[PDB]
Amino acid sequence: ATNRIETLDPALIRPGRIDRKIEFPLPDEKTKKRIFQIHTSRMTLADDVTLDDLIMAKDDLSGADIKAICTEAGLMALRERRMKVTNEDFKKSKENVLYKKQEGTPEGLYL
Amino acid sequence: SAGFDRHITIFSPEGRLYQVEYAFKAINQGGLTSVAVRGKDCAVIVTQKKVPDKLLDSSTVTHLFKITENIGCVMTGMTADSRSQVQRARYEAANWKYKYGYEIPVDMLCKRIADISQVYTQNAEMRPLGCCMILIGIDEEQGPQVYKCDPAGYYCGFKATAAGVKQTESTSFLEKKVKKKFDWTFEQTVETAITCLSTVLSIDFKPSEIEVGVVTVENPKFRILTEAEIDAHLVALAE
Amino acid sequence: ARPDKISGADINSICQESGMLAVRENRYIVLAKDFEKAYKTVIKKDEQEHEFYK
Amino acid sequence: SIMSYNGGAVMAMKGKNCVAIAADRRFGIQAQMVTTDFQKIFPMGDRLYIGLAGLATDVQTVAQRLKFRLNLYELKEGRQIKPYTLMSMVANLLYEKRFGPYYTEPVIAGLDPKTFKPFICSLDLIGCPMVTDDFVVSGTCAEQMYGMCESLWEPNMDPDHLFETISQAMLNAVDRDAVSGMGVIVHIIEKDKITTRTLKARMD
Amino acid sequence: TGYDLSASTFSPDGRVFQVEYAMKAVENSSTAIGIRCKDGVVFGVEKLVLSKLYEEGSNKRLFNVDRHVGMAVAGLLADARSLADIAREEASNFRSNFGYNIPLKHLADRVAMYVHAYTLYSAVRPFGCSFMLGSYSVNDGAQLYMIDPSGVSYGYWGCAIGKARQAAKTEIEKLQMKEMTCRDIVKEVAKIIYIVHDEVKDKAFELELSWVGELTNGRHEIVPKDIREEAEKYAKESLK
Amino acid sequence: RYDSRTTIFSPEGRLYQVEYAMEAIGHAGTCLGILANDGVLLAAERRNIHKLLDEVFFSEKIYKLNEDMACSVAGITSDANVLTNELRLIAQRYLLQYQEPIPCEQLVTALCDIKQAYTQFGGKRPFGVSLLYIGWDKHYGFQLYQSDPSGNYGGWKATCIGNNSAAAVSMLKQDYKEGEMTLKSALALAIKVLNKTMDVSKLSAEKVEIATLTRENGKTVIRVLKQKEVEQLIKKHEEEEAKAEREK
Amino acid sequence: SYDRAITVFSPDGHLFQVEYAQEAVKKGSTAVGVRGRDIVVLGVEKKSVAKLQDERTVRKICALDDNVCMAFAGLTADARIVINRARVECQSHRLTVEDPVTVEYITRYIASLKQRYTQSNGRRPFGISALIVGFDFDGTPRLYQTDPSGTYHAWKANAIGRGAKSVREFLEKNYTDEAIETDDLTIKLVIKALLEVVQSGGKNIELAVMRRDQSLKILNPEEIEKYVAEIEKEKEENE
Amino acid sequence: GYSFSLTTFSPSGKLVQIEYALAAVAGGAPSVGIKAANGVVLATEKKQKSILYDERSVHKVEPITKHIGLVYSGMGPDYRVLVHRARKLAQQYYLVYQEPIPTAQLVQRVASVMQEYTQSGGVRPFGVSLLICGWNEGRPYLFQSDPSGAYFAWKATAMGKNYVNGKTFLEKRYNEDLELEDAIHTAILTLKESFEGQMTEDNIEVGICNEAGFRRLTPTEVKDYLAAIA
Amino acid sequence: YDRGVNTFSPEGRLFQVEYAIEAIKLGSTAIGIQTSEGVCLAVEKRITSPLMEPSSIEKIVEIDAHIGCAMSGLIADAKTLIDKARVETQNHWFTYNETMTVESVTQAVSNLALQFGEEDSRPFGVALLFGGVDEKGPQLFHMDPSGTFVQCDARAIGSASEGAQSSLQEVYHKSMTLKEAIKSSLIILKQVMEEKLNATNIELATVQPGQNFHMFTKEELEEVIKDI
Amino acid sequence: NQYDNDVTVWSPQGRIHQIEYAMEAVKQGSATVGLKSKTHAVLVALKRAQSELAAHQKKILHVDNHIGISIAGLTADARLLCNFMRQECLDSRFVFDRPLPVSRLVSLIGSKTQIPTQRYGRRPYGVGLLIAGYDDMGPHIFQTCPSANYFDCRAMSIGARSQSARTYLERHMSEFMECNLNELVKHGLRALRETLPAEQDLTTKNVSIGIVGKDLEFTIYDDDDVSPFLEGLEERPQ
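Chains as they are written, first to last, in the entry's author numbering: chain B, 330 to 440; chain G, 6 to 244; chain D, 365 to 418; chain P, 2 to 205; chain M, 5 to 244; chain I, 4 to 251; chain J, 2 to 240; chain H, 5 to 234; chain K, 8 to 127, 134 to 241; chain L, 4 to 241.
If you're looking for bench data, these hints aren't it; they were derived computationally from the structure.
Hints should not be assumed to be uniformly reliable.
Claimed, not checked - 35 angstroms max Cα-Cα, derived DSBU-like pairs, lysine-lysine: (1) J:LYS218 - B:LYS362; (2) K:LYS192 - K:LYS149; (3) G:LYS59 - D:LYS369; (4) J:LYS61 - K:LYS52; (5) H:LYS18 - I:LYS176; (6) D:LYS397 - G:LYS102; (7) P:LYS98 - P:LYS201; (8) G:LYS185 - H:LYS70; (9) G:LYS55 - M:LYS56; (10) I:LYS180 - I:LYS195; (11) G:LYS211 - D:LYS369; (12) G:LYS186 - H:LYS50; (13) G:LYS164 - G:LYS184; (14) D:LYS404 - G:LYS164; (15) B:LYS429 - J:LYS28; (16) H:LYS51 - D:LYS409; (17) B:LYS396 - J:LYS218; (18) M:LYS56 - M:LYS109; (19) I:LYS195 - P:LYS115; (20) B:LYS362 - J:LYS236; (21) J:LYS234 - J:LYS27; (22) I:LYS251 - P:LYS77; (23) I:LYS176 - J:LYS236; (24) I:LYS229 - H:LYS159; (25) J:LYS236 - I:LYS195; (26) G:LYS30 - H:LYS50; (27) H:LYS70 - D:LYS397; (28) M:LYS205 - L:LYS50.
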């Protein structure tokens, strides 16, 4: 399992050694909701949000995004000593997770 | 230290640069000894030759180079840098004579040669002329002068003067020698030059090895001595 | 006045070179030429030294 | 002449503690005038004027060039300019066109920046400065203004008599002049204030 | 060493390895000697045929720059051709600007400055040549010069440039050079070239002899070596 | 890794020297300009406040550039002289060509192009200097601009310098003003910003510098104001600190 | 073979900085552009108003002539220089042959300048990719795009910046034959592109139009709210 | 092994081939300059290496015009080049304006020259820091520049070895209001504080700047003054 | 190592030219066949998007009224070379009132196909096929980035050129006819391409001595496709 | 090995390896043989191809009415020196209104090629010229090198595996001088048929022959006046 693929030996990606190379792209904006479903399947939460609000926010998607959103929402929940996590925790968690980290680089560049 | 491998002319940490102070011993690859003496209204140069060969000539080996009719000089270090610096000095003295209408003083030429070496030092991408030049000259209202020109571009000028290979010892002897306030009636100067080189080298040798360059305020023409009068002075100092 | 680059262990060795050279002089008297030979022997590259750019 | 293509007349006269500069208003081709509001006196900083007479193209181009170098000098150095500095600058600007000359006769009139010391000078078309104490004149008509100013000038002059003297001199010399006329502007400045008057001239 | 790359840098002991590497490059080249007499200068070059592919009269290292000045080069050949062209150009300029023949010392100094300037900068290399300059004049006599790859140019009576640089001047100096005319010095140079390296490392060599002096009335040219045939009838007597 | 020159890119595509020029900006003097109609201000922090100077220049960061424009500056100080002489020359060329004062935006873009030509070309040092802009025109009135070493320029109303001014920008957002053109209010706001952001205990007036630019009847004068009104501004702001401790 | 420099190839036949300079565009702001039959329209996303300054200076859509319209991606400074050059090129072309400037000639100019700028010695290539929209020959709508290599490449719709594959993929599923004109459907097409944008914040949308004969018209953030309202109405009618 | 050379910044800091040039400047000969109420006094520390050298040949205190003194702390061969530049440039000003150039304008143009030489990337910068002074428009001035192209204005400052100690003494001993002679006294004091003790009429070299003009003093008046001045 | 155009190899060679020959390979294929009836020529477009307008991508351009071309590699080096040829042809007609023959065209292009030099820039990354009719009948001409120009009777370039040349030498002889060579070429095209052959994939360019004008086939190429 | 990169750098043994690498780049060209009689100079080269359908790359190209060259090595430098060669011909043809002596022309070639072997920024020219001409003293066969040490010979051969050709020249350089044109040309191809492996035969389409005579203008031939020259041969002694 690798992050990058370009700096690797062509003698080691040839078959005989490795027969099933497997792409992991960031798959789709639909199974974002499945990861939000699974990573909130065992935590009490209100309705109060749409995952489409967290689909039309950022263009690259990962479980590293959504689990960070969940954990930061829990931090904002114990920050405000509530349960049944509301929308404002998701919004501040959204902004603080997209900033930390995905921006690149100090302005500007590009913009 | 280095560290930076001192390839081009940049500043190394604390705080020096190494190219020019490697060029300070480009003189020391010469294998030669040069002595200048200014005591009174004459001025004396002395420098040996290194001729092992009988197939090699004797007239073309002289490092006493007449710059102008009232300015001579002497060279050490490697010969090509020396001869190039000599033609540059000749050309710039001629430019002085063309532009300003009179004979150049010996100091201004040293300033110009130092400026040329600094410009070759300031800008990179040219080898900075590893040869040392010693000048002498007579000026009106000032008597005689001796100057020294560095490859570093630091000209200076003073009474008892020496550069080459073995001149830490020569400057030590001239510190011990020019401290007594005697007059210098030109055979005193010849005797001190011959004996100071004859104590640094300790050879006490034939009149065929050293060349003697003199200039005097009775004839301001630069003058190269002959074998007979060099022998005359040598046996005159022989006691 | 000659820099720099003398270590503390070198002084006594310079003095020994001077003194044993005076032993070769067969005299108990310490002249300057003893220090000349001592400087030329126990210094021990490099040296020129300087007076450019201060 | 080439100097007599658009006409022109500039008079400056040094008073007691003040200085006055005046010029004509007419602009036009050789005999055909165009307008009566052509500026030939240009403010160069405070309490320091310049007068230009001759070819109007060189007048405007030299005025803008001097404004250029003047603003660069006063913004490199926060102090204002002394009049001798202006005179050397103008002489340099003219002498750069030694063989390609502009066709003008600049007249500088200004006061001292520290004291109230008056100042007059005038230059040639190649940059020859000339400081006097009584008056300087330029333009197409010369001898008229020379005769009038040598006729009516006194050394120590209150600003009223200075004003009336330069008034009568300009009016009579312009009325004798043919190619320059059609009204007179007068600038009288001093340490306290700057006065600008326009005279009722013969519009013939 | 390392520290040997560019021609503008110095060494930590203070010399230029580019100059040194350019010097000992000519050491591998063919042997070329020279010696003057009391009224002329004689050149002579040990020149080699490769195997059987030459023509005996091609690419002769005995050049002829001026009416009375010619070269006896050794080292890289094309670099010597270029330097010969610069010498021809300089002699032409002196003839143009002064109206008489170039004195050899001034010519040698100008060429030495040209060599030195090509040692100075870093974009160019030092030359890979070492050559001779001979001349004759009725008001100046014979002058024989010598130019290293660095630019140190001064005079001799005799020289050698090649492998046997020491091994030629070992016995050049036992020649009684002053009292002899150059016609004797012809077969002298013949025996000097012939003694060194008869057959040892290589197979065959070939002799050229350039020739300037009082006998040619100021001309510089190759001898008619075939005329009077001085080498081989003496070479067969010099093997014993 | 992919360092050596300003040109060409590092493979992201990101840049090396623009980022390092901003990190060269951050360790320099702090300046600001404020939201104001009928006038505009500049503030500056005195570097090198050692007692053996002369202060006979009257201006260390401020440069009254054409007539109606000044510029603060921050960064490598000699490059600021290099750019300011050229910028005065650009403005004076514009005045030579048109006999109209320069309307400041094409002036800003011209200087940005001067900096940008050294960003693309190689191998040259780009100007590690950001600098401010105040000015007046015939088309928009009082203006504020932020030059950058990238060649990007920002039209601001409350500006930003580096690490010593990120907290200043935070206070400018949290204490944002709009509608009040009263200059003394913005001067008290700037005094509060330099009181918190500079580490100067009790804000000595020798460590500060204030320049303003007002529109007077045709002239658009630039006021490099003196020290005594700064002193009473300090006393006014400390009386406001006493008003702040009235809640105790 | 390496990421330096621009001049040498890869061992498998590539240019690294040509391939790498497109990544600066690919991490840049998104700007789309379509052609109608009569009215052409485009827009950028990510206005990103930071609450305390003006944004009339950050306008990424401009014009060189009254007939051509601009957009770009990547970094802004290269776009500034290229457009400032292209205005003078358009006006120099107008100083020549008296036609309104064709979109094809000015795209050949910009891409050609960009390429011969790239080929030279150590000049950092302009990491932008422009969108050049015009309708000149009897109102024939044309839009070309550029490349950091400098290849003009004619499209019918376009999407660049962040996530351009998805945004272009929406136009694959949107762009049927009967788009225009039907100007209202081209309007709703731009609105659906802005709704299909990577963030689609609703107020950060900035779009500009051209009816092939008029001038550039900047719209108003109340008309676009009505467009989002009727698009949500169409989504509800899909239910 | 970086910076190297003059074309790039550091990863975060400043320019190493300026910092090392300043280091070579700080490794230079000591000097001091004091701006008094009526004049400005410059003085150096000039020890010959041997007793062979001559003290009428090379001159540290150097006039640029008849009213402008200028000394340095650094490397002479570069010092002469930039001085000759300042000479020609001041003469160009006197050609244009026919008026003696003000010292602030000299500092502007000399600073522009030095900053141009610090521009990338083929030459090194100077190993020279300057001390420029003169009595222009009554008020005298004192302007210190540096190899980075910047400049300052001091009441009193020093450059060379132990300049921090000389600066603490000038902070302690000197003040705002003195005369020319009192400035001469405290200048010789702060020079003798850090020099070697064998100080004669020749080891120092002093130039002053009256309102009557620049003046480069002689060893006669030096040995008249410095013969146990305190 | 090999690091630059100013350094040989210990065995040969450039080692920049080699990487240019390697940079031939990335392009789309093209096939021209010389027939004495006239020169036929073909190319693949490799269209990515339906938004990608197919008639906008140029592969066959027109240098002269009887001279075609085809490009293979970097587009813009090819555009520069086409620009220079378009200039130079017109100068030859200018100074001689006649048509520059295609071999002389190729000598003029290959004069600075290698004039690459950055001091005293890089070598170009495109191989070009030239088809035309001089006085000696039709001519088909094949050059390279290295300027080593030679005539070819039926040359194939670019990606999958090996089996293209193989099956080409399988089918070729000297006395071919026109439409037979056309269908023989497009067979090899649809053997080396990955997409279904249709009106948008390929384009033909046919020059004849009696049909000098219009070295192109537009949508009759559909009819040529449907005959297989 | 870090010193074996550039032309300017002297080796620590003094041998510029850039020159020898240029020599080895020359050695990968085609075979060619040049040889003269007292009256007729003939140079014969070998053609090669990219493919079977492709044409053969020509080697012998025309220069002037009495000068023609062979070539081996690079092609861009070949046409560059061709343009320079034609220019140097027609310049003196314009000025002096005479045909050139060959020796000063090839000295001009050496002086042309010296500067790209000494300064930095241009590589030495991989070049394989064999030059045949007629001055007042008859035919000359010169050869070149990337080191600009031009050689005069009577019979040479350069390119790949040209050593057997050189030995053939060794064993017939006595015989070349007296014969007329026909058997001289078939001696030339009895060097070229040993520049090949013996499992194939020299055909028509692979060879070209250029004759210039003391009364005959320089002319290149290909298959058509060469099929007359290709008869009059025996097989190789297998």
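Structure-based check of all given hints:
| no. | hint | verdict |
| --- | --- | --- |
| 1 | J:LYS218 - B:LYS362 | violated (39 angstroms) |
| 2 | K:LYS192 - K:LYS149 | holds (22 angstroms) |
| 3 | G:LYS59 - D:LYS369 | violated (45 angstroms) |
| 4 | J:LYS61 - K:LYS52 | holds (33 angstroms) |
| 5 | H:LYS18 - I:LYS176 | holds (32 angstroms) |
| 6 | D:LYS397 - G:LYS102 | violated (49 angstroms) |
| 7 | P:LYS98 - P:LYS201 | violated (39 angstroms) |
| 8 | G:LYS185 - H:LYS70 | violated (40 angstroms) |
| 9 | G:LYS55 - M:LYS56 | violated (46 angstroms) |
| 10 | I:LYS180 - I:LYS195 | holds (14 angstroms) |
| 11 | G:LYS211 - D:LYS369 | violated (40 angstroms) |
| 12 | G:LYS186 - H:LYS50 | holds (24 angstroms) |
| 13 | G:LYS164 - G:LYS184 | holds (12 angstroms) |
| 14 | D:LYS404 - G:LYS164 | holds (26 angstroms) |
| 15 | B:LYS429 - J:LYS28 | holds (17 angstroms) |
| 16 | H:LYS51 - D:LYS409 | holds (26 angstroms) |
| 17 | B:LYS396 - J:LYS218 | violated (44 angstroms) |
| 18 | M:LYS56 - M:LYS109 | violated (41 angstroms) |
| 19 | I:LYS195 - P:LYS115 | violated (41 angstroms) |
| 20 | B:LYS362 - J:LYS236 | holds (20 angstroms) |
| 21 | J:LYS234 - J:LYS27 | holds (33 angstroms) |
| 22 | I:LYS251 - P:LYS77 | violated (53 angstroms) |
| 23 | I:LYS176 - J:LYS236 | violated (39 angstroms) |
| 24 | I:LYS229 - H:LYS159 | holds (21 angstroms) |
| 25 | J:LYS236 - I:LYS195 | violated (52 angstroms) |
| 26 | G:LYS30 - H:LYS50 | holds (26 angstroms) |
| 27 | H:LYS70 - D:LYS397 | violated (51 angstroms) |
| 28 | M:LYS205 - L:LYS50 | violated (39 angstroms) |
In summary, the structure is inconsistent with hints 1, 3, 6, 7, 8, 9, 11, 17, 18, 19, 22, 23, 25, 27, 28 from the numbered list given earlier, while agreeing with the others.
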